[PDB]
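Consider the single chain below, provided in structure tokens and representing the form deposited without this ligand.
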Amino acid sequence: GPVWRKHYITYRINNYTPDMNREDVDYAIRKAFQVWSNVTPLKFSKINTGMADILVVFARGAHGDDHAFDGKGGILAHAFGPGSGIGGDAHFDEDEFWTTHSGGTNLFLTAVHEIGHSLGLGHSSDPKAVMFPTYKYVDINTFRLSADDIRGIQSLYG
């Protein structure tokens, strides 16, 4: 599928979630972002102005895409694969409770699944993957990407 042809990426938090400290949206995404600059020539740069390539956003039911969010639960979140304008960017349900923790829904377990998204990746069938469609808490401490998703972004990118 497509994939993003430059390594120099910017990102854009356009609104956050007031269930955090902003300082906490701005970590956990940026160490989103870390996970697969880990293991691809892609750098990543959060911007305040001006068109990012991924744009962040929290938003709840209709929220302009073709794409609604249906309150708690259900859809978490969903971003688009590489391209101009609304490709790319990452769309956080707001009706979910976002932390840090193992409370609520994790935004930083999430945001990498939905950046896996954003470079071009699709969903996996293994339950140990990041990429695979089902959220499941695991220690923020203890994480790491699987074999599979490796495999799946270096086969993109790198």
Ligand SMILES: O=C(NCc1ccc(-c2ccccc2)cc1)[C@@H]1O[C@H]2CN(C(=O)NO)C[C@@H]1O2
Second form
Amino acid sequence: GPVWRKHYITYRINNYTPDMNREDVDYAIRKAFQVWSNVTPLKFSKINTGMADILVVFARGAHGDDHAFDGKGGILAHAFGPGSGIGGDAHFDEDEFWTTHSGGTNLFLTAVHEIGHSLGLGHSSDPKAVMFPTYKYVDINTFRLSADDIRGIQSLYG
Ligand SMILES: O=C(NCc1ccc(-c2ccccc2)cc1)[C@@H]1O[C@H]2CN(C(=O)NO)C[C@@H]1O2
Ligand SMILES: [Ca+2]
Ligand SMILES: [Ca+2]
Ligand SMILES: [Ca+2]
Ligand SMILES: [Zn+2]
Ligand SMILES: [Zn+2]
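Complement to the form deposited without this ligand: the form solved in complex with this ligand:
Below: every chain and molecule of the assembly, starting with the one above.
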């Protein structure tokens, strides 16, 4: 499927969840991008205004893309593959309670998965992969991609 055809990729945080400190949202998202730039030639930069490749949005219920959220639980987030417009964008369900830790739903871990989609990855059947469909908390301080995730992303980039 589609991939980004350039190495410098921008993201913009459209709005911030009230669930977390602003700086913690910034850091979680930055770290999640870093997971993927660690294993590809991609470079990610946060921009404050204008058109970014990847728009990060927090929203609940119906939010303008025909892919409505479902309240607390269930769908935690979704993201669109590389392309113009909404392509690349990552949306996080505001009806979740986002955190920096094991409580609620961990933003960093969810963002690693969603950014995988923003870069062109689909779901993996391997329960050890970050691209596995099911959320399960793992210690964020020592988090690592599975071999399957690395094979997947490196088949697309680098
Ligand atoms: O948003 C999701 N998932 C995104 C997601 C997947 C995996 C991780 C993940 C977290 C930690 C480690 C590895 C992967 C994070 C977010 C949800 O998981 C599936 C099934 N599902 C569900 O059963 N919810 O109760 C709805 C939706 O689709
Ligand atoms: Ca939900
Ligand atoms: Ca976009
Ligand atoms: Ca919330
Ligand atoms: Zn959406
Ligand atoms: Zn997914």
